[PDB]
Structures are given as structure tokens and as C-alpha cells.
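So this first bit is one chain, no partners, the form deposited without the ligand, shown in C-alpha cells.
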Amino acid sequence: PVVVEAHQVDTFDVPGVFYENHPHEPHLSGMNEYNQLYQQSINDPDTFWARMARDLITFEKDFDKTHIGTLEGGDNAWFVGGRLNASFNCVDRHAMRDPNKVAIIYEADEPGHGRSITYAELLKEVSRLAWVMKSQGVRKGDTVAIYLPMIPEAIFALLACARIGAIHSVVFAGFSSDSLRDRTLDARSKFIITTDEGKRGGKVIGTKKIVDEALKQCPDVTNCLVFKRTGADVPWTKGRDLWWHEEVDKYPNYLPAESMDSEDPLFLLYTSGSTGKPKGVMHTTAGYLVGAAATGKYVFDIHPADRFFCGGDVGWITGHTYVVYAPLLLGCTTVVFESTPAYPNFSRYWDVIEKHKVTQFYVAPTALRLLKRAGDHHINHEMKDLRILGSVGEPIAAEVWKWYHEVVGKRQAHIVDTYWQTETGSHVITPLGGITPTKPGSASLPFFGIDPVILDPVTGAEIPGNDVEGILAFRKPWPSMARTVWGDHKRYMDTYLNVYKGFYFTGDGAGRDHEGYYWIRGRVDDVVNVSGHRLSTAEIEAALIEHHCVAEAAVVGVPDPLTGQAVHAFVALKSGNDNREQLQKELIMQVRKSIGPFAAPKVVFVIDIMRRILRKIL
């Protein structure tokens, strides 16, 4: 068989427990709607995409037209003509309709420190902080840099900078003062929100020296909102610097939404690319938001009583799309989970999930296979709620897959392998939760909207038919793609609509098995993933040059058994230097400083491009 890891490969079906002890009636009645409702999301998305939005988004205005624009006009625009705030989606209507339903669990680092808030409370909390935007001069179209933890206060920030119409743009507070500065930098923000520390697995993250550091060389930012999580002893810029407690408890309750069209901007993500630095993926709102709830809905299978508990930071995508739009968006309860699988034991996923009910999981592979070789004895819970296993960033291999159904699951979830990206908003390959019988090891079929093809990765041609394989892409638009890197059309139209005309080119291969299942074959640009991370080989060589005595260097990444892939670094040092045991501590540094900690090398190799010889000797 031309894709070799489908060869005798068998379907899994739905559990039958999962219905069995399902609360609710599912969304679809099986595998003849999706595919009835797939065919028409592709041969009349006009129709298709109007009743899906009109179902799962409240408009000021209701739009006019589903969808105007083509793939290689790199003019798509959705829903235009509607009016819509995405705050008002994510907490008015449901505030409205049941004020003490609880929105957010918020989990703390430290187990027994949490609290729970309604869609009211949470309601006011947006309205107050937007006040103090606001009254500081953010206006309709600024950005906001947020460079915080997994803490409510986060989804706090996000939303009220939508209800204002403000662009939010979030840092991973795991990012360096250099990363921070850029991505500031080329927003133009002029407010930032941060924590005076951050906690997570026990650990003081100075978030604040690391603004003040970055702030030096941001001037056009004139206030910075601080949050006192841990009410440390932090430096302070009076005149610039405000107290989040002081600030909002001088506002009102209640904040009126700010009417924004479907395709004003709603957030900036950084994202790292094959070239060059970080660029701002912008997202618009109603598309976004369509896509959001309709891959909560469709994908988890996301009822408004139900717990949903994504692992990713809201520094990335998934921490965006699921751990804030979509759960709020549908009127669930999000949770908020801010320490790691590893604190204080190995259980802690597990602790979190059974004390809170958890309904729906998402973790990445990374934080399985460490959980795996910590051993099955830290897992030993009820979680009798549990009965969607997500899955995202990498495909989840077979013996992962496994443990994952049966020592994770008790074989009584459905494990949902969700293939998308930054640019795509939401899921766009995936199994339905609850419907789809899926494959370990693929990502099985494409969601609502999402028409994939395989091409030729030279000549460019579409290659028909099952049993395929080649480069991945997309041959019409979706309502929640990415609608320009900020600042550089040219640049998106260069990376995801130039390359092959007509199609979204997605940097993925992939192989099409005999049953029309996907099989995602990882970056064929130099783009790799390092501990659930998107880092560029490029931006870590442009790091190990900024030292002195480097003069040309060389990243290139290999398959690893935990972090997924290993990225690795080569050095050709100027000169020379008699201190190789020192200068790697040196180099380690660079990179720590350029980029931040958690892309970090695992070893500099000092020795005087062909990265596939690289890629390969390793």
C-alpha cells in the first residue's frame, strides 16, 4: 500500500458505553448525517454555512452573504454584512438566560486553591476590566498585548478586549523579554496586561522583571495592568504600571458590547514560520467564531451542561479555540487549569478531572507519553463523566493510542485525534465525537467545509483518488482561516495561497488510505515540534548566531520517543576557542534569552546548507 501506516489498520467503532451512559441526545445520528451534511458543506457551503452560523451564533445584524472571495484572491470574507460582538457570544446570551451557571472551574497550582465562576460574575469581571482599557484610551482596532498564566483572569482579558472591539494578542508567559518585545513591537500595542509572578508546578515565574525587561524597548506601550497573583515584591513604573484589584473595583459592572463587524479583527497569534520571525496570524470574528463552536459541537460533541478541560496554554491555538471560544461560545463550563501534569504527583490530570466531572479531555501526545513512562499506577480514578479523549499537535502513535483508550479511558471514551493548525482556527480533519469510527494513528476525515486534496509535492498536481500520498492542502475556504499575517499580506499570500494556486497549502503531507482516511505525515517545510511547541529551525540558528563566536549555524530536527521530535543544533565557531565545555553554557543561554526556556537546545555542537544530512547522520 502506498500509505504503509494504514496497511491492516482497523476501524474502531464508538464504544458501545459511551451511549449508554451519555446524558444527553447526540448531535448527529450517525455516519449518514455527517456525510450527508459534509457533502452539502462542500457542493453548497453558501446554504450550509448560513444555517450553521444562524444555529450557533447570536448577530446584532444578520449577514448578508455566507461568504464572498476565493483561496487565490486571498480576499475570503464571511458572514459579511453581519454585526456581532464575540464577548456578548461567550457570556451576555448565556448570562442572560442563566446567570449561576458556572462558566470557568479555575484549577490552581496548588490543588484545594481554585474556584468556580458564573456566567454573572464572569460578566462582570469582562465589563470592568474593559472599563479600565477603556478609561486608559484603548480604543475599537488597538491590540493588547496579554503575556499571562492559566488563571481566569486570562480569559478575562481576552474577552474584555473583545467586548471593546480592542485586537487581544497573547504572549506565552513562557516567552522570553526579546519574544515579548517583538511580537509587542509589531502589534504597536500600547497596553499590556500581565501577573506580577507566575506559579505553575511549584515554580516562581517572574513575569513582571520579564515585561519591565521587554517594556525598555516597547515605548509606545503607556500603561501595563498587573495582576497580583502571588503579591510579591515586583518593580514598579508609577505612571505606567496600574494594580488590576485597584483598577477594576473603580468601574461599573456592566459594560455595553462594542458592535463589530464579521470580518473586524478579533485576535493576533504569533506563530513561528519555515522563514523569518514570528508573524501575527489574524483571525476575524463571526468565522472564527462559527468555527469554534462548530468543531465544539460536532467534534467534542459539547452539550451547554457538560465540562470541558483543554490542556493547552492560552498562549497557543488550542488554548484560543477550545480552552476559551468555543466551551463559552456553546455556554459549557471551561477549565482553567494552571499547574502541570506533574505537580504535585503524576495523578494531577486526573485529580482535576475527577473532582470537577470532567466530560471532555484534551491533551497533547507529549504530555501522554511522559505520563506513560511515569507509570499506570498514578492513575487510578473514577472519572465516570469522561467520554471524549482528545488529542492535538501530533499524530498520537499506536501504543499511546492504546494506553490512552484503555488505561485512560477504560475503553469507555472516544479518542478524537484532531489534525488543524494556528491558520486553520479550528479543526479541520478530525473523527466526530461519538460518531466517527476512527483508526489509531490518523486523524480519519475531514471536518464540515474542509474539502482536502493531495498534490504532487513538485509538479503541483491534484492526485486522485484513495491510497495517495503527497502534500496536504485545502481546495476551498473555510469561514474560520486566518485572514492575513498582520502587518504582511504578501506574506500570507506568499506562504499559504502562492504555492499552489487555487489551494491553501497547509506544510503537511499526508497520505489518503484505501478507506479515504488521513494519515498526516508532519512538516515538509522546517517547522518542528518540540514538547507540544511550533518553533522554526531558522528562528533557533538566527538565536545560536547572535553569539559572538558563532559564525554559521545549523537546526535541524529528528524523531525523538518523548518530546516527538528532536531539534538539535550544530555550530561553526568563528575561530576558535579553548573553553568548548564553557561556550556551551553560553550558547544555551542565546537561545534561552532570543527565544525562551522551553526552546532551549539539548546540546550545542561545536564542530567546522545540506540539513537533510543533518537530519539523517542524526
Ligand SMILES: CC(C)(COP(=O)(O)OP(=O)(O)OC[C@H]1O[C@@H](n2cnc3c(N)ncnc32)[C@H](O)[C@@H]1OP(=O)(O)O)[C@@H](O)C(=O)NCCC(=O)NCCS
Contents of the next structure:
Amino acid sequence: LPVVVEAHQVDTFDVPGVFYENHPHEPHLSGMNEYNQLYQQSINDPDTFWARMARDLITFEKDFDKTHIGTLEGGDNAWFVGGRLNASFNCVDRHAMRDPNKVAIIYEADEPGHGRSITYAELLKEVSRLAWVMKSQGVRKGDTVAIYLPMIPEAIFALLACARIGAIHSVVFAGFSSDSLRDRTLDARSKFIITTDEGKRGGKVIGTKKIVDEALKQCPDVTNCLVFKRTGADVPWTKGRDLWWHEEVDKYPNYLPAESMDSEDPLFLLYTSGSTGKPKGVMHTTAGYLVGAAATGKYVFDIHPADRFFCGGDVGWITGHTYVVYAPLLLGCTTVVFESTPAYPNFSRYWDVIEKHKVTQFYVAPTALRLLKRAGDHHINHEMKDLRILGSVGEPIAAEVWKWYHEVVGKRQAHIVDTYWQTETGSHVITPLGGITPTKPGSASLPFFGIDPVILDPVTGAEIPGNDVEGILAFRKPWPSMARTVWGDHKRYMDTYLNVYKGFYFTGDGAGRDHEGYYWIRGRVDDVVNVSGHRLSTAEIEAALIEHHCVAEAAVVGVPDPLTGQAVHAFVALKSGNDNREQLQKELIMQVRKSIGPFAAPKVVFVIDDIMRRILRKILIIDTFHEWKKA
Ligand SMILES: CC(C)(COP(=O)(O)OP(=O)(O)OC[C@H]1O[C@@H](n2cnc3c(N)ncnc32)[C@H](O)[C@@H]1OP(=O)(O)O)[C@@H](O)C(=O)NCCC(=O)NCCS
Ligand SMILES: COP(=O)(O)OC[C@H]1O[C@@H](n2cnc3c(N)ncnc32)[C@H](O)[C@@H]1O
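We have the form deposited without the ligand; now please give the form deposited with the ligand bound.
Then the entire complex follows, led off by the chain already shown.
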């Protein structure tokens, strides 16, 4: 009956009464009334609103002159212009100064019962002397630094040592292949790379040093490669280029000055798959990104200094950037660096970790939940008394999963916060406010401060006003943590995000606003599919399949999946007869595993004789492929 069909007979659930009774502190807003009043000031007077929020949350060396200049259509937005600051001062120094022995990082190793806790003073030392290593090898303010690290505290050391000297960290997910590492290191023109000898994830060795050596053969501008001894296994060593982390840091002082950065100096690049082309180097600058990180960490996740915050995402992706690293450290609480998987050594792992370290907020993807919900409710017998916020990212936590998350995991004592955002937005843009906003299962609820969502007619591009509407999801106004460009290709940035509907920011997502104003994300309207919370281009995989000598044309599409959410399925037509078609589905799968990485391997590759991508999506020579699907 309603135009937003996902919103038929879905009421709001209030924040549970237990949330306030057991809360160790006072929440940051007095209620929905204060959200609405702050939200309206953030739309009608962002200059006043964001100036106060930034001076509340971020310590500037030099105060800023003006909250914002530029427009969406101009592609010239700058926030807190005239300000100077350093992101690692804000994540480390100011907290070490006040409370040197407060724990900043809880590292949880691949094996239980290992790991360690790291104080803000220890973090300041490790950031400083790693920054010393890079400066000593020639890394300067404004250079990019490639980072190919797993989930160990050393990764936080590396991002923040980069920020400390004004280098621009460019993190590459440790599940990427050599080709993908190479592409990103070249496009970013990094001359320094930081990696491990090997990874350990779920009991499994990841030959990270061997991958780096292969990529580096095609990166002749990389002149130093700093290697952290994670396992101590014999790895290949290239003298005059490779350096041991532990040998070099021991040479240098335990303190280094922080470099004074402009508000709009680049902070990092994060290569991101999109609808067309190779991955884009999404660039975030410094003050606005950090303001958005801290403001969502504070208001969305109810972070207080004493909290122990646990994001489950990998540092290789934007959730790891913003909520494993920047948001919790800016706010001065403790952050958990989880090296393992939710299934190692067993399916109780997430809750082993949450009970041992008394985690207050946990932040995960629905893929992980579905993998766990199928494992059974018996892997979950933990008190976890301090756990009051349950975050979800990447896709709608649907009703069955949202119930299992609320009752079995949270014991109806925690608030579930379905945060909608994307790499380009820097931090949450549509999300309930932890402990404040009444929620609906499967809805991202309401916009964050400074976010002005509109629903657009997909064809005419016009604004569809009022409630119970559906169409393209766009934002009407700029916001502090928006991405500022695509590295080396601002026109692509304009063409992708700002020239599609001039005057608006184009999210790439379809959405609907229900009778109450709550938003329901329908997913991508372009050829980006979300597999296991990993953001993938169907074009990228098609490009990888064509890299096989037998493939002529290739086509990849995304069909709904009960565990992976969406399952990538590939089709390929061969140039010549393959007498071993069974052997070919192995080499085509390995090809994608080599061009991108294991995590992008298609489920099955179909071979047919003979682009209307929509027909393949609805099916999973038109009658011949329907028989082909049946096999
Ligand atoms: C749920 C999850 C833990 C499953 O882990 P998994 O057991 O490795 O299974 P996956 O399907 O994801 O990965 C398949 C392949 O990717 C590889 N892979 C995944 N993560 C990797 C990593 N961090 N490093 C190296 N390789 C990785 C696996 O080893 C595997 O390779 P293989 O086929 O040779 O064995 C993982 O997919 C995940 O983290 N999803 C969440 C994404 C997200 O939204 N995070 C934000 C959370 S706030
Ligand atoms: C993590 O940011 P990424 O850039 O990896 O993801 C970018 C892409 O994820 C999707 N998405 C993220 N959160 C939600 C969410 N709560 N609900 C629904 N869909 C979501 C969306 O399609 C976005 O365009």
C-alpha cells in the first residue's frame, strides 16, 4: 500500500530502558528534542553549528577563519579554512599530556591470550620513532606512503606517524593481490612502503612480504620498504631497500614534533571501486574529516573517554580508517585492534574478546552476523555487561538479523545503530543517534548533523518533496567530512559525484523516505555490488576475466545472496574452443584472484556462446542461456 514498501507496518522501537540505567555517564543529548534543534541549526546555519562543534572536539594550533567556502556544484568546498592542526596531535599528544597511562589500544592477536594493551604514552613514543624512520629515509610533508599491513597496532602506528609528518597515508587492504597493490602504489606515486613479513589471520599465513616484492618489481620509485617482524619466518630480503622496523626505530628518539598542517592539507587517500574504471584514490583532507569522525564517534556511538570501542572492520577500508582509528583516538577512549576473524578459534570469538576487554560499543557488518547466526545461538554465552551500543554498516540489517542482533547478542539491553555512509562521506551521514533516536529494523533512520538528504526522480533528476517518496538519494549541501577529490583526477570526481545532478551530491544509492521521514536505503543504482561488506566493481572483475587469453567478452552481475548478501556471478564467451571447460573454470577463477585478490573471486564462471546486463540479473540465445543456467 505505501510507496516505500519496506516501511509497511514497521513501527519504531524506543531505546531500551536498561540503556540509561546501566550507563556509566550522562549521554551527550537530552533527547530527540535536542537532536532536532541541533539538526535544524546544522541545516539553517552550518557556519555557526560546525564552528562550535569543531572547537568543541578538535584542538587547533591556529584557529580557523571561516567555517566553509565553496559550493557543491563548484567542487571547491573547503572547511575550517585558515586553521592549522595535526591529526596525530589530536589522536595522541593531547591525551598523552593529560593521562599518559590511559590505555589507547587493546590489541587482540590472531591467537587468543596473546595481545597487549598500549598506553597513550607508549603510542606517542611508537608514533614518534616510526615518524623518525620515515623522515630519516627521506619521506617529506605531502608525499604518499603505501601501507600494506594487517590488523595489528603497528598499523595505527603507521597511519598516525604518517599524519604526524604530513605524509599522506594510502592504506592497501592486506587481502589485495600484488597487481592491486602495484596499481595503488603507482597511481599514488609512493616512494616508501610499510608492511609485515607475514600475516596471521584465522590461523593462516599470509605471505605479505612475498606479495610486496612482486608488486615492487613494477614500482621503481619505491626506494625503501619497512618490514615489521610479525612472525619471524625467513622471507626474501632486498638489501639497500628493505629495513627492519625494530632495528630502525631503536635508532631514533621516543619523541618527534608534530608537523603543522593546514585544515585542507591531504590526510589520506583510500582507493575505492566505482561503477567505471580502475579504483579511484578518494582523498580526505584534515580538519573536516577529523571533525566528522569525532562528531559521529561522539553523537552516533555515544563515546565517552572511559569507553572501550571495538570496530570489527579492517584498516584496509574506510570503516577501519574512521572508527578503528581516527574517531575513538580523537575522543580519547580505548580502541580494540582485532587481528583475527569471528570464526577463529571458534564462532564465540567476537564475544570472547568483548567479555575479556569489557567492550562498550561493538561495530560490525551484517555479513558477519549472518555467518554467526547460522552457526547457532550456542556460541553465545557471555555476560558482556558493559555492551550498550551495537553498530551495523554496509547494507541494511534486515528484520530477522536485527531481531537476532537485539535479543541474542544485546539481550535487549543495547541500542542497534544501522549507520549508513560511504568512503566518500568520511563518516556517518544517515544513522540513529546512539541512545537517542527511535529506530526501525532495516532503516538507517534519520540524517546526521549537517546532512540534508533529498530524494530525486532517477530520470528527470527533479526533487521529489514530502514523505512516502522513492528515487535517487542525494544530499543538498556540503558537509565537513566529504571527500575533496579523486587523486590526480578532479574531473572524474566532478563527473561522478557532482555533475550528475548539478547542485546535489550523488550517492549512487537508491532510497526512500517513509511516512515518518525515516530513510530506507535500497542499494546501488550503478554497477557497484557489495560482496561480504567488500565494495566491488563488476567492471573491475570483467576486466580481470578478459585478462585470460581464452576470454573474448565478459560480464559480471550481482544477484541476492543469503550469506554474502549479494553474490557476484560471472559470464564469459570464449574466443576459441576449450576442450577442457572444467579446467577453464579454475584458471578464470584464479585470474580474478590474481588481478584483484582472493576476496573478489566469483562464485562460478559461466561459459556461453553469446550488453543487456538486466536480463542476466533477472535470470539468476536467450533461451539457450536459460538452459545453461540450469545445470
Ligand atoms: C566476514 C569476514 C570476516 C569473512 O572472513 P573470511 O573467513 O576470510 O571469508 P571471506 O569470504 O570474506 O574471504 C575469502 C577470501 O578473502 C580472503 N580475505 C578476507 N579477508 C582478508 C584479509 N583481511 N587479509 C587477507 N585475506 C583476506 C580469505 O583468506 C579468503 O581467501 P581464500 O579463498 O584463499 O581462502 C570478512 O568477509 C569481513 O570482514 N566482512 C566485513 C566487511 C565490512 O563491512 N567491515 C566493516 C565492519 S565495521
Ligand atoms: C562503508 O562505505 P563503502 O564505501 O565501503 O560503502 C559504500 C556503499 O555501502 C552501502 N551501504 C553502507 N552502509 C549501508 C547501510 N547502513 N545500509 C545500506 N547500504 C549501506 C551503500 O550502497 C554505499 O553506497
